[PDB]
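Letter by letter, the chains look like this.
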Amino acid sequence: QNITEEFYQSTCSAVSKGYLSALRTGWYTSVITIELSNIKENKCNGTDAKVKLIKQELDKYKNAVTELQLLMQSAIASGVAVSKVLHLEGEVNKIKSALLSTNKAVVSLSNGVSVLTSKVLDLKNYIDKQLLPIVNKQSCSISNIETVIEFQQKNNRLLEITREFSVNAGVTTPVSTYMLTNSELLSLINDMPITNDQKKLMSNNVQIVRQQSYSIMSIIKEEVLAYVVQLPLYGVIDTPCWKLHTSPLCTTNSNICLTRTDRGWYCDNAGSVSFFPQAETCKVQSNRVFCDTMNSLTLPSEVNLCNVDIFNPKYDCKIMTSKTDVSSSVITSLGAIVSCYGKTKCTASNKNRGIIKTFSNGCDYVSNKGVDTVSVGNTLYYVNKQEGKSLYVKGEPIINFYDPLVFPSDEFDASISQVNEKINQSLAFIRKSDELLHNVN
Amino acid sequence: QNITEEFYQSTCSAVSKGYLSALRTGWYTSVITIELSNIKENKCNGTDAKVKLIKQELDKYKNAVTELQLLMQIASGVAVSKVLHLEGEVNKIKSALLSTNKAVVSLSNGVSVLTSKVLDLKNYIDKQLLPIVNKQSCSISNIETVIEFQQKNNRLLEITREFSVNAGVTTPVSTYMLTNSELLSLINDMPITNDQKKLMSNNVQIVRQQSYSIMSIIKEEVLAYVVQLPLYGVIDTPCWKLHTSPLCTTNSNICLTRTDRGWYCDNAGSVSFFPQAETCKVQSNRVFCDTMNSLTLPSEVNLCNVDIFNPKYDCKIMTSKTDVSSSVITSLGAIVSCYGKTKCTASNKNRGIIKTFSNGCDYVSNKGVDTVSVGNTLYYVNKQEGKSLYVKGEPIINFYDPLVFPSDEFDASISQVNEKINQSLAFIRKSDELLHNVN
Amino acid sequence: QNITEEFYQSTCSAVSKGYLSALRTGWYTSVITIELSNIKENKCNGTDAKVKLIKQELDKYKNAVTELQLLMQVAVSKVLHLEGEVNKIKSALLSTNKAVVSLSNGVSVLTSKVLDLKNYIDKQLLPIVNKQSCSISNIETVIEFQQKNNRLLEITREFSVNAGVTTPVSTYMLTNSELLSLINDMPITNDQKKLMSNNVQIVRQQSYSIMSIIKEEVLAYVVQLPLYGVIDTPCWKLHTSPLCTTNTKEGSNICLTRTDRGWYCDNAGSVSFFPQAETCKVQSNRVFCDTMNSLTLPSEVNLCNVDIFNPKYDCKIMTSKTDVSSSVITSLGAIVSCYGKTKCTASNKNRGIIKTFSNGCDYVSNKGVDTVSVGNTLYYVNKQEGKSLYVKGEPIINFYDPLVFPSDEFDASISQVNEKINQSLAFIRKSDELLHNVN
Ligand SMILES: *[C@@H]1O[C@H](CO)[C@@H](O[C@@H]2O[C@H](CO)[C@@H](O)[C@H](O)[C@H]2NC(C)=O)[C@H](O)[C@H]1NC(C)=O
Ligand SMILES: *[C@@H]1O[C@H](CO)[C@@H](O[C@@H]2O[C@H](CO)[C@@H](O)[C@H](O)[C@H]2NC(C)=O)[C@H](O)[C@H]1NC(C)=O
Ligand SMILES: *[C@@H]1O[C@H](CO)[C@@H](O[C@@H]2O[C@H](CO)[C@@H](O)[C@H](O)[C@H]2NC(C)=O)[C@H](O)[C@H]1NC(C)=O
Ligand SMILES: *[C@@H]1O[C@H](CO)[C@@H](O[C@@H]2O[C@H](CO)[C@@H](O)[C@H](O)[C@H]2NC(C)=O)[C@H](O)[C@H]1NC(C)=O
Ligand SMILES: *[C@H]1O[C@H](CO)[C@@H](O[C@@H]2O[C@H](CO)[C@@H](O)[C@H](O)[C@H]2NC(C)=O)[C@H](O)[C@H]1NC(C)=O
Ligand SMILES: *[C@H]1O[C@H](CO)[C@@H](O[C@@H]2O[C@H](CO)[C@@H](O)[C@H](O)[C@H]2NC(C)=O)[C@H](O)[C@H]1NC(C)=O
Ligand SMILES: *[C@H]1O[C@H](CO)[C@@H](O)[C@H](O)[C@H]1NC(C)=O
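Chains as they are written, first to last, in full-length UniProt numbering: chain X, 26 to 98, 146 to 325, 330 to 517; chain W, 26 to 98, 148 to 325, 330 to 517; chain H, 26 to 98, 152 to 517.
Hints in this document: simulated from the structure, not taken from any laboratory.
We put the CB at the ideal spot given by N, CA and C, even for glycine.
Misleading hints may appear alongside valid ones.
Not the full set, but computed from the structure, chain X residues with beta-carbon under 7 Å of chain W [to be verified]:
| no. | residue |
| --- | --- |
| 1 | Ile309 |
| 2 | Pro312 |
| 3 | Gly464 |
Covered stretches of chain W (chain X as the covering partner; in silico rule of three or more C-beta atoms under 8 Å from a C-beta of chain X) [said to hold, decoys possible]:
| no. | stretch |
| --- | --- |
| 4 | 48 to 61 |
| 5 | 78 to 86 |
| 6 | 158 to 168 |
| 7 | 250 to 262 |
| 8 | 268 to 279 |
| 9 | 489 to 500 |
Restraint-style ranges between C-beta atoms, simulated for each label pair [unchecked claim]:
| no. | chain 1 | residue 1 | chain 2 | residue 2 | range |
| --- | --- | --- | --- | --- | --- |
| 10 | X | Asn331 | H | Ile28 | 29 to 39 Å |
| 11 | X | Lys419 | H | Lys42 | 44 to 54 Å |
| 12 | H | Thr91 | W | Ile475 | 25 to 35 Å |
| 13 | W | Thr54 | X | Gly446 | 21 to 31 Å |
| 14 | X | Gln94 | W | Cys69 | 38 to 48 Å |
| 15 | X | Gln94 | W | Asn437 | 51 to 61 Å |
| 16 | H | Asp310 | W | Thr54 | 44 to 54 Å |
| 17 | X | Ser275 | W | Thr54 | 45 to 55 Å |
| 18 | H | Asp486 | W | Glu472 | 16 to 26 Å |
| 19 | H | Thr91 | X | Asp84 | 51 to 61 Å |
| 20 | W | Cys69 | X | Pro484 | 25 to 35 Å |
| 21 | W | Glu472 | X | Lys465 | 48 to 58 Å |
| 22 | W | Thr54 | X | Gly471 | 22 to 32 Å |
| 23 | H | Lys470 | X | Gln94 | 17 to 27 Å |
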C-alpha cells in the first residue's frame with residue numbers, strides 16, 4: 026500500500042493518492058433455497074396439559090411465515153394301672169395345651185403376613201398408579217422441550233433469516249452471514265463471470281462486498297424459504313483513484333474567497349475520469365476503493381489541472397464565491413487543512429496539547445504525528461481519533477451439575493437371599509417333624 | 026403494464042415512461058400499546074437451586090426494559155401294655171412338636187426380616203426417590219414457564235430488541251411492529267380517497283419501507299410506541315425517470335452532460351423533481367416519492383429532452399473541453415457515448431458481439447444486448463444469473479417411551495399369596511376343632 | 026427553549042430559529058471486551074441420546090464465531159380314652175404342620191415378589207428417573223447459557239447482520255452506565271459532557287461499533303463516539319419555495335427558487351452549512367450536525383433571506399421562465415406559492431376552509447392550518463392522528479403439583495405387623511415352657 030496526500034497551497038485543496046479502483050457496473054443474482062426442519066409432534070400428555078410447547082412454537086413460526094407471505098402483493149381302671157395312667161393323662165394334657173398355644177402363634181403370624189401382604193400391594197399400587205404416571209408424564213414434557221430447543225437449534229439459520237426479513241420488509245443490505253455463508257459467498261464469487269484477479273480481490277474483501285450486496289426475499293412457504301441474493305460485479309479493477317478535499321481560500325490585499337465545490341472521489345475510468353459526488357457511493361479498505369458507477373459523472377483528465385489552477389483554459393472549474401473573509405478547517409485522510417483569515421486565530425497542537433504551530437493569516441496543511449488538534453477560534457477540530465478507556469466485561473464459567481440416584485441393590489438382595497435362609501430352614505424343620513409322625517400308629 | 030423508454034439521440038438522454046405517482050405529503054400517527062404476559066414465579070425447590078430460570082429470565086427482560094427507559098431523556151384286655159406304647163408315642167409327639175415350634179420361629183424371623191425390608195423399600199421411595207421426582211417436576215414447570223413466556227410474549231420481545239438496536243426508532247416498520255391485519259385496518263382509517271386506500275393496501279412493502287416506528291413509553295409490563303405512516307396528496311400522475319450520458323461534437331471540442339437526472343413526476347399543473355434515488359421507490363409501474371425535498375418545475379422542463387438550448391428553459395448541463403467517452407445503464411436498456419479514440423461494443427446473451435460503435439452516442443435494449451464494453455471497462459445491461467444454492471433439512475423426532483408396570487401379573491401373585499394364608503388358617507381351624515374335642 | 030419561524034415574503038423562504046449547535050469534529054475510540062461464560066458439558070446419558078443439547082448449542086455458537094472471524098481479512155373306658163386322645167393329637171398336629179407349610183409357601187412367594195418390586199425400581203424406573211435428571215441438567219445448562227451470555231449473543235448477531243459494523247450503538251454494545259462513564263472520560267468541557275449525557279439517543283445514533291476481534295471465548299470491538307468542537311452556537315433551518323413576484327434592475331419577471339436549503343449554524347465567526355438532512359439531527363431545540371462535509375460561509379449569507387440580489391452575496395437560486403405553483407412544509411407551518419391559474423386553499427383542523435390564495439406566496443402555521451391544497455395535490459401541515467391499536471396479554475401460570483406419600487399411615491401398618499410377630503413369638507415361648515416341663 027502507498028497512500029499519500031499532497032497539498033496544493035494555491036488551491037487550498039488536498040488530494041489523497043494511491044488507491045485502487047473497483048467499480049460496480051452490474052449485479053450477480055443467486056437464488057438460495059432453504060428447507061425447514063419440521064417437527065412431527067407427539068401427542069402424549071405432559072405435566073400440565075394447557076402447556077403445549079410444540080404446538081405453540083409451530084404457531085409462532087407458522088405465523089411469522091404468513092406475515093411475510095403477505096409482503097409479496146373316661147372311666148379309670150381300678151386297682152392298677154393307677155398312677156401311671158394319670159402320669160400320661162398329665163403328659164398328654166400338657167401337650168394339648170402347648171399345641172393350642174402353637175396354633176394361636178401361627179394365627180398371629182398368618183395375620184401378620186396377611187397384613188404385610190395387604191401392604192406390599194399398596195406399595196406396588198403407589199408406584200404403578202401414582203408415581204409411574206407422573207414419571208412418564210415428565211418423560212413426555214422433556215421430549216417436548218428437547219424437541220423445541222432442537223427445532224430452534226437446527227432451524228437457526230432459517231429463523232435468523234426470517235427475522236431479518238420481518239424487520240426489513242423483505243430486503244436487506246449487508247448480506248448477513250446468515251443469508252450467505254462465507255463458504256457460500258466464496259464459491260458464488262467463484263462462479264461469477266469475471267477475471268481471475270477480480271475474483272481474488274472480491275475474495276479478499278468479503279466485508280465490502282457484503283455491504284455492497286442486497287438480499288431480496290423471494291418466496292415463503294411453511295417449510296421452504298427462498299430468496300435472491302444480489303452481488304456486485306465490477307467492470308474495472310486496479311485503476312488509480314484519489315480523494316479530493318477542499319478548503320476556503322482568500323487573498324490578503330481581504331476582498332475575495334474561493335472554495336472548490338467538487339469534493340469527493342475521483343478515480344480513472346476508460347481514458348476518462350469518473351467522479352462520485354458523495355461518501356455513500358464509495359467505500360474503502362486500506363488502499364482499496366469501491367465505488368458505484370450508477371450515478372457517477374464522467375469527466376476529462378483535464379479536471380486535474382484544477383488542483384493547481386482553477387482558472388486555466390481547458391477546464392472551467394466548479395467553485396463557490398465569497399465577498400467576505402471566511403476562516404475554517406477541513407480534516408483529511410492523512411492530516412488536515414486550515415484556512416485562517418481576517419481576525420481569526422488558529423493553532424495546531426500535538427499529541428499532548430502543547431501548541432506547535434500558529435497560523436499566519438493564510439491556508440496551510442498539517443499531518444498526523446506532528447498534529448493531533450487544530451483550533452480555529454473557538455471551534456476545535458481533531459486530526460486524530462482520540463483513544464480512551466477500554467471497558468471490560470468479565471464472565472465466569474457455567475456448571476452442568478447433575479447427581480445420580482443410586483440403589484443399595486446388593487445389600488438388599490443379601491437380606492432377601494437371607495429371608496430364604498429362614499424359609500428353607502423352616503420347611504426343613506417341618507420335614508423333620510412329619511417324619512416323626514409317620515412313625516406313629 | 027406500459028413502461029417504456031424513449032431515447033433522445035440529440036441530447037444523449039433517455040426517459041423511462043408510464044409510471045404512476047404517489048407522493049408523500051403528510052404523516053399518519055398511531056399508537057400501539059402492548060401488554061406483557063407476566064409470569065407469577067413458583068418458589069419451589071428445583072433440581073439444583075442455584076439454577077433459577079424464571080427469576081433469571083425476568084431479570085434479563087426487566088433489564089432490557091430499564092435500558093430502553095433511559096433512552097427517553148371297650149375297657150379291657152391287659153391294658154398296662156397300651157400305656158407304655160402310648161408313652162413312647164407321647165414321647166415322639168413331644169419331640170415332633172418342639173421341631174414344629176422351631177419351624178415357626180424360623181418363619182417368624184423370616185417375616186420379621188422381610189418386614190424390616192419392605193419398610194426400607196417404602197422408605198427409599200418416600201424419602202429418597204420421591205423428593206427428586208417432584209424436584210424434577212418443579213424444574214420442568216419452570217422450564218415450561220420460561221419457554222411459554224418467550225412464546226407468548228414473542229411479539230413484544232422482538233420489538234424490544236428492534237428498539238434496543240435502533241435507539242428507539244426504526245425504518246421499515248417490521249411485521250412485528252405492525253401486523254398486516256393491523257396495517258390494513260389502519261390504512262382503512264386514514265383520511266384519504268378510496269383508490270388511495272386500495273393502492274396502499276396493494277403495496278404494503280413500500281409503505282412499510284416508507285414508515286417509521288418511534289418508541290413512546292416502556293414500563294415493565296407495558297410497551298407503547300408510535301407508528302408513523304405516509305400520506306399521499308396525489309395518486310396516479312404520470313412520472314418518468316431521466317438518464318443522461320455525455321454528448322460530444324465535431325467541426330470542434332465541446333462535451334455536454336445533462337446534470338438533472340432522476341425522477342420527474344407531474345404535480346398540480348407543474349412538475350416535481352426528486353434529485354436522488356433515496357426519495358423514490360418503485361414497484362412495477364408504481365412509484366412513490368417524497369415531496370419533502372422536491373424541486374418544483376414547469377412542464378417546459380420537457381423540451382430539454384429534445385433541445386437543451388431553446389428559449390423557455392435554461393437547462394442544467396455540465397461542460398467539457400475534451401472528448402469524454404462512457405456508458406450509462408437505464409431501466410430498460412443502456413446508453414453509450416463512444417468518442418475520440420475509444421472502442422465500444424455491445425455483446426449479446428452469450429457474448430457474441432452484436433454492435434460496434436460509430437464514434438457518437440447510441441442506445442440499446444434487453445434481449446439484444448446483455449453487455450457493453452467501453453475501452454477496458456465492462457458494463458452489464460442485464461443482471462447475470464448464476465448458481466442456485468440449496469440447503470436441505472431433514473425432519474426432527476419426538477422420541478418418547480413410556481414406562482409400564484406388570485400390574486396384572488403382580489396382582490395375580492398376590493391374590494395368590496392370599497391363597498396360602500386363606501389355606502393356612504383353614505388348616506388351623508381344622509386342628510383346633512380336633513382339640514376342643516379333647517378333655 | 027424558544028423555537029420560531031420567521032417567513033420572508035420577499036424571498037418566498039422561511040427560517041426556523043433558536044436552535045443550539047453541537048458539531049462533530051472528532052471521534053472517541055473505546056475498546057470493549059467481553060468474556061463468554063463457557064459451559065463444561067457433562068457427558069451423562071440423557072433420555073434419548075441422539076439429543077445432545079449442550080454439544081449442539083456450543084456448535085451453533087462456535088460456528089457463528091467462525092463466520093465472524095472470517096470477516097476480518152354302652153360307652154368308654156379311660157386309657158382307651160387316652161389312647162384315642164393321643165390319636166386325635168397326632169392328626170391335629172399333622173394338620174398344623176400342613177398349615178405351616180402353606181404359610182411358608184405364601185411367604186416364599188411374597189418374598190419372591192418383593193424382590194421383583196425392588197428390582198423394578200432399581201433396574202427399570204431408577205435408570206430412567208436419573209436419565210431425566212440428566213436431560214434436565216442439560217436443558218437448564220443450555221437456557222442458563224443463553225441467559226447469562228445474553229449480551230454477547232445479542233452483539234454477535236448484530237455483527238453477523240451488519241458485516242461487523244453498526245450504527246446506532248445498541249444498548250447491547252454499550253450500556254447507559256457504560257456510555258455515561260465513557261462520556262465522562264472524554265477530553266471535553268463540562269457542559270459538553272452534560273449535553274451528551276442528556277441526549278444519549280442522538281449520541282448513539284451518531285456513533286459506530288466496529289468489531290475488533292473474535293475468539294470462541296472472547297469478543298472485543300471498538301466503539302466510536304462523536305466529539306464536538308463547539309456547543310451552544312445558534313443554528314437555523316432554511317426552507318424555500320418558488321417565487322414569481324420579483325425583478326432586478328430593468329428585468330421584469332423570472333421565477334426563483336432559492337437553492338441552498340438546509341441547516342445553517344454558526345461556527346468560528348463564519349457560518350457552517352450542511353446541505354442534506356442526513357448530516358443533522360435535532361431534539362427539541364438541540365441540533366447536532368457533522369462538520370465532515372460542511373460548507374463554510376460568511377454571515378453575509380443571511381442577507382439572502384431578505385434580498386437575493388444585493389452586493390455582498392451572490393446567492394444560489396434556480397430559474398424558470400414559466401409560472402410554477404406549489405407548497406413546502408416547514409418545521410412550524412407551511413409555505414405556499416400559488417401562481418398562474420392554480421387554486422390554493424388552507425383548511426383547518428376539521429377541514430373547514432379558512433384562507434384562499436391570492437396569486438402570490440404566503441406562509442401559514444399550526445393551529446389555524448392543518449391542510450393546504452394546491453390544485454389537486456394535498457399537503458398536510460400537521461401529522462394526522464388516528465386510531466390507537468392495543469394488544470392485550472393475560473398472565474402465565476407456574477402450575478406445579480407435588481407427589482406425596484402416605485408415610486405415616488403405612489409405618490402404622492408395619493409397626494403393627496410387628497404386633498403380630500411379637501405376639502406370635504410370645505405364643506411359642508409359652509408353648510415351649512410347657513414342653514420343657516415334659517419328661
Ligand atoms: C394420555 O392421552 C389420552 C388423551 O388425552 C389420555 O386420556 C385422557 O384420560 C382418560 C383415559 O385415561 C379419558 O377419559 C380421556 O379421553 C382423556 N382426557 C380428556 C380430557 O379427554 C390417556 O390417559 C393417555 N393416552 C394413552 C394412549 O394411553
Ligand atoms: C433353598 O433350598 C433349595 C432345595 O434344597 C434350593 O434349590 C436347589 O439348591 C441348590 C442351591 O442352593 C442347587 O444346587 C440346586 O440345583 C437347586 N435346584 C433347584 C431345582 O432349585 C434353593 O436354591 C435354596 N435357596 C436358598 C436361598 O437357600
Ligand atoms: C379368602 O377368604 C376370605 C374370607 O373367608 C374371602 O372372602 C369371601 O367373600 C365373599 C363376599 O361375597 C363371601 O361370600 C365369602 O364368605 C368369603 N369366602 C370364604 C371362603 O369364606 C376371600 O374371597 C378369599 N380371598 C382370596 C384372595 O382367596
Ligand atoms: C417388639 O419387641 C421388642 C423386644 O421385646 C421391643 O423392643 C424393646 O422395647 C423396650 C421398650 O418398650 C426397650 O426398653 C427395649 O430395650 C427393647 N429391646 C429390644 C431387644 O428390642 C419392641 O419395641 C417391640 N415393639 C414393637 C412395636 O414391635
Ligand atoms: C424446599 O426448600 C426450601 C428452601 O430452600 C425449604 O425451606 C426450608 O425452611 C427451613 C425452615 O423451616 C429453613 O431453615 C431451610 O433453609 C429450608 N430448607 C432447605 C433444605 O433449604 C422448604 O422446606 C421447601 N420449600 C418449598 C417452597 O417447597
Ligand atoms: C451411560 O452410558 C454410557 C454410554 O455407553 C456408559 O458407558 C458404559 O460403559 C461401557 C464401557 O465400559 C459401555 O460400553 C456401555 O455402553 C456402558 N455400560 C454400563 C453397564 O453402564 C456410561 O456408564 C454412562 N455414561 C458415560 C458418559 O460414560
Ligand atoms: C507513492 O510513494 C512513492 C514511494 O517512494 C513515491 O515515489 C510516489 O510519489 C507515490 N505515488 C505516485 C502515484 O506518484
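Status of the hints after comparison with the structure:
1. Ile309: Since chain W brings no Cβ nearer than about 10 Å to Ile309 (chain X), farther than 7 Å, the hint is violated.
2. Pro312: violated, 14 Å
3. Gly464: Where the cut-off is 7 Å and the nearest Cβ of chain W is about 22 Å from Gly464 (chain X), the hint is violated.
4. 48 to 61: Contact hint for the stretch 48 to 61 of chain W vs chain X: violated, 0 residues under 8 Å.
5. 78 to 86: violated (count 0)
6. 158 to 168: holds (count 7)
7. 250 to 262: Check passed, 3 qualifying residues.
8. 268 to 279: holds (count 3)
9. 489 to 500: That given contact holds, which follows from 5 residues of the stretch 489 to 500 of chain W lying within Cβ reach (below 8 Å) of chain X.
10. X:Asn331 / H:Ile28: 29 to 39 Å: Once the Cβ atoms are compared, 37 Å apart, the range 29 to 39 Å for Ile28 (chain H) and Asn331 (chain X) holds.
11. X:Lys419 / H:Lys42: 44 to 54 Å: Given about 26 Å between the Cβ atoms, the range is violated.
12. H:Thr91 / W:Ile475: 25 to 35 Å: Hint holds: Cβ distance 28 Å, inside 25 to 35 Å.
13. W:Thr54 / X:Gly446: 21 to 31 Å: violated, 53 Å
14. X:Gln94 / W:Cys69: 38 to 48 Å: Cβ of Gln94 (chain X) to Cβ of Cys69 (chain W): about 43 Å, so the range 38 to 48 Å holds.
15. X:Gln94 / W:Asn437: 51 to 61 Å: holds, 53 Å
16. H:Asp310 / W:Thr54: 44 to 54 Å: violated, 32 Å
17. X:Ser275 / W:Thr54: 45 to 55 Å: Distance hint for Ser275 (chain X), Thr54 (chain W) holds at roughly 48 Å.
18. H:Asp486 / W:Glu472: 16 to 26 Å: Taking Cβ atoms as reference, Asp486 (chain H) and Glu472 (chain W) lie about 53 Å apart, which means the hint is violated.
19. H:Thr91 / X:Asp84: 51 to 61 Å: violated, 33 Å
20. W:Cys69 / X:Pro484: 25 to 35 Å: holds, 28 Å
21. W:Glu472 / X:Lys465: 48 to 58 Å: 49 Å Cβ-Cβ, so the 48 to 58 Å window holds.
22. W:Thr54 / X:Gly471: 22 to 32 Å: Violated - the Cβ-Cβ distance for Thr54 (chain W) and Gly471 (chain X), about 43 Å, lies outside 22 to 32 Å.
23. H:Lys470 / X:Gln94: 17 to 27 Å: holds, 25 Å
Consistency with the previously given hints fails for numbers 1, 2, 3, 4, 5, 11, 13, 16, 18, 19 and 22, ordered from lowest to highest.
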